[PDB]
Amino acid sequence: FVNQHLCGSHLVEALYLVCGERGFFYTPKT
Amino acid sequence: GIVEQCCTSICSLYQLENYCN
Numbered sequence: 025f026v027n028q029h030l031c032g033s034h035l036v037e038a039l040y041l042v043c044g045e046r047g048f049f050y051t052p053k054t
Numbered sequence: 090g091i092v093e094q095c096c097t098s099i100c101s102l103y104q105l106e107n108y109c110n
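These protein sequences, in sequence, are chains A and B. All letters in the first sequence, in the order written, are residues 25 to 54 by the UniProt record's numbering. All letters in the second sequence, in the order written, are residues 90 to 110 by the UniProt record's numbering.
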């Protein structure tokens, strides 16, 4: 794993890897 | 919230696991 601050799309793409085939969700705020 | 932890600092894969089940 590579350390990076994770916000926006970076967080989403990181979650695909960590959660794998289980999928994941995100909590946006308009 | 958990989003702030990852935006302002470095969420390890362990912290990231919380975003899913």
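A hint or two may mislead.
Quick partial rundown of chain A residues pointing at chain B, CB under 7 Å, derived from the structure [what the hints assert, rightly or not]: (1) 25; (2) 30; (3) 31; (4) 33; (5) 35; (6) 39; (7) 42; (8) 43; (9) 46; (10) 48; (11) 54.
Hints listed in this document are in silico derivations from the structure and should not be mistaken for laboratory results. Even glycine gets a Cβ: it sits at the ideal position worked out from N, Cα and C.
Checklist entry - Going through the earlier hints one by one, which of them does the structure break, listed in rising order? => result 4 and 11
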